[PDB]
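Next up is one chain by itself, shown in structure tokens, the form deposited in one PDB entry.
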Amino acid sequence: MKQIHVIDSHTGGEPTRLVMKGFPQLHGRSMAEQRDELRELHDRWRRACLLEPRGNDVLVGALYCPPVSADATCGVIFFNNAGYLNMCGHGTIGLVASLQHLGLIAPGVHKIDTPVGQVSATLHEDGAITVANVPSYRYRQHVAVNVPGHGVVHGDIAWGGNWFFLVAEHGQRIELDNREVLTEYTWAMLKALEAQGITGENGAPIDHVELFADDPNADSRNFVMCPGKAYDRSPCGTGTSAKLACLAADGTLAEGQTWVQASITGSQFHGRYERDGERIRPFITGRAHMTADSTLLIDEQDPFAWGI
């Protein structure tokens, strides 16, 4: 049987499967070329890890690769059960925590090469990991949208690496056991935004919604609806970056000050920002925890060895 060494972890509930050994050798010079090789030459390996029976719809996989950039700790390629991804915030935190667990890196700054550019992560002594997110901003504020079955609510339109509609006052219970109701509400909201012609800058579709509520143990708790009608188990890196931009624009949060954002599952990120013209530079700090050190077993006599 073929063996794939993987470390499974989660980042605030959002899982990552990191492949440490067992995929074919990639020969491309750039991470983009290496991703093309996986996709064009070796796609059964993704499938073995991500399709049933070994994977499911929520999992993101990550292939550990040697660094390409002279200043990089490693390279990584992200993928899911449908195909290949570009960047992955939660998976990058999972990567760094996993390499720490395996004794391959120590605390400090780690530059990670991805197929679409480099990401910077700082591993702290205590295991928390800070990632520099993309320049973020609020585009419009307190925008009215009529959600069928609910009436008008207001939200901010903001960019944090994706376009988000951010809503404080929605009348919904932000608790995990209410996730089905929240899913239907936010999906209806996404459709209403589209129908009412509410977009990001230059007509960009708003494809994520985040709802916010008070929390006794954090500055806020959210519910984050994503493409494919999927919710994020974590506070969402890009979504929390967009939140930071709105807090900054309202004057609620000062430069350098910590914001503690909880998720629908109760996991938390810390966020901070600095100013860069008409954008902010957001910093998201979170944790990943190990969930399994596994040898995936690929039985050559199994018709489903490489997935169903």
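Numbering follows the first chain given and starts at 1. Basically, rigid core = biggest C-alpha set you can superpose within 1.5 Å across the two forms. What changes on going to the form deposited in another entry:
- Picking from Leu244, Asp113, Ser234, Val131, the hinge for the rigid motion between the two forms turns out to be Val131.
- The angle of turn of the smaller rigid part against the larger, between the two forms and from C-alpha superpositions, comes to 10 degrees.
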Given for the second form:
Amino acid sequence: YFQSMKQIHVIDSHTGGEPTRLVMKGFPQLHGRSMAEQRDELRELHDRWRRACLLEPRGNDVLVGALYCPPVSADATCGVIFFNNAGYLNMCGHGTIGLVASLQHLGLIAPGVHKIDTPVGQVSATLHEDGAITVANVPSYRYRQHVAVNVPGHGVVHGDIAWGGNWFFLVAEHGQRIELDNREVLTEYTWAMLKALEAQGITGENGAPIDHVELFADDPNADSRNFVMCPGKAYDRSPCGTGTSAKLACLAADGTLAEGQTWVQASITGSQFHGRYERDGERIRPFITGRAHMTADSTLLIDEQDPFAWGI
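Switch from the form deposited in one PDB entry, shown above, to the form deposited in another entry and output its structure.
Partners and other molecules have been left off, which leaves just the chain.
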């Protein structure tokens, strides 16, 4: 009977609490030569597979899926296509940490530098001997500093606007408590803040929407703790790789963090990433280190008689 249903072999993991569903077998054969072609193929010809994995009931609003692919470039370990319950992603830092940890435990890679092919080019990740993984983030920078926004029901706040692979508004939050049991308040506040930025025409470079907000506060045992609001009104359980890269860019620009020095960023759940940077013109090269842990080895089952087989 189980043998009768369509099967998808996945390895679920989390990176600082933010989960990754790595698909190792069961999606359709993709004939695209490039990772972008394969991604387009999935989206256009085979989207039910993403949806079965990411929509309810099998998925949720925080999960990212990752399709393992054979490498396309000569020196890459593999290819990957990331996706969530709304569509396809291109890069995904926490998912890449999940991927590399998973591949290690499956016996497919050893410690060292690994190149991973994505739809938008290669990502370099270093698997350390102790199992931590460092992602070379895209070049990051601060676009504007100390920008005012009025947030309905809360008042005026100032933040930096910075690119770390996504656009962020970064706020030194003194008013609200950055603790996990205050998450519903922080969720409503930061979501309102995102909507207020849009309404007030506050954007990244060349009008790009700011679709992430991150709040920072002191922490007794890290350099900082954050609360990160993402698309879909979901907070990041992790310190957020691109968001921490954007923070490093701001710290670098202000001189708060020296080149080569380590910044320890705690998340709302108490997980941590380490980061450091090198300067490169008006930008920085950020390096974000974190860990992933396995949480399930699972055969997803698709009952083709279920109206919700491919997700709700």
